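Number of protein chains: 2
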Amino acid sequence: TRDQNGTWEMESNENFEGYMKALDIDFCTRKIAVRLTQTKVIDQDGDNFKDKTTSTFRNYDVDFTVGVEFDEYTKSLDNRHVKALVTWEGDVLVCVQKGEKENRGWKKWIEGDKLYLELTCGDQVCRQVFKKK
Amino acid sequence: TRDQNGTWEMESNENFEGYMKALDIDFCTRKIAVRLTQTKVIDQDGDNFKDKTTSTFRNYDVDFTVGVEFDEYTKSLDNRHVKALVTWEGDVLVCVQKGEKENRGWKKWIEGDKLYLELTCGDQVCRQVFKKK
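From first to last, the protein sequence lines stand for chains A and C.
When we follow the authors' numbering, the leftmost residue of the first sequence carries the number 1, and every step to the right adds one.
When we follow the authors' numbering, the leftmost residue of the second sequence carries the number 1, and every step to the right adds one.
All copies of an identical chain are treated as equivalent in the list; a pair is satisfied when it fits inside any one copy or across any two copies.
List of simulated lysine to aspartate or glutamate pairs, DMTMM-like, C-alpha gap at most 20 Å:
id	residue 1	residue 2
1	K21	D123
2	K31	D78
3	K131	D91
4	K132	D113
5	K107	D63
6	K40	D3
7	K107	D61
8	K52	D113
9	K131	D3
10	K31	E17
11	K31	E11
12	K52	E9
13	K131	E118
The hints are simulated quantities; they were obtained by calculation from the structure and are not laboratory data.
Given these sequences and hints, build the entire structure.
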């Protein structure tokens, strides 16, 4: 049929690397994208189309209670075993992950309407700002 | 404020590559982890936290109209300007993208339940099969 609406999930994918190299796509995204399941959402009204193909890289679910340490396996990242503890520093949610790497943790606080997250490891600090949806 | 409830979407991510160098993450995972989309859903109840973070690769997101040609700019892919034209060949949605690369386009058709799409660039043909959810 001509109706292509719906949420589609990739069953198979052949010659993805060759097609991507034909487009001069670099090697790393070629290796990663071929391992991910693509989900193409298609919204069609007659001859007007809206195609959005997406891919889920990794999911990271963590459950914790403030002041109660827990055995956290940092899966979907570096996959290390750390004992994590989350505490309130005034209004900033601070988490210390005691394990192999030292000075490892994160600080997560709200400012106005934005979410500020600072991931800390040794002498490297990454800043991630989130907008509310 | 300590209320961090809600669904957040990342709009900035600086020094992710350094924080990832500290944790010894795989090379290509670092190279692709600098161009991905992150959504963090936070379910908070006083001090109990249920955090769910999803990393997401954007393969392609496009809107078009059948029979009307348009000037496409393929960011999230190879970042090239192409004159795209989408038509119906029977029940097969054919798309020709005229530009630098020759024989660039795709064919999208439905068979019973499955969605079949043949992307093609030059002499490279990529065939993808999708199942409706």
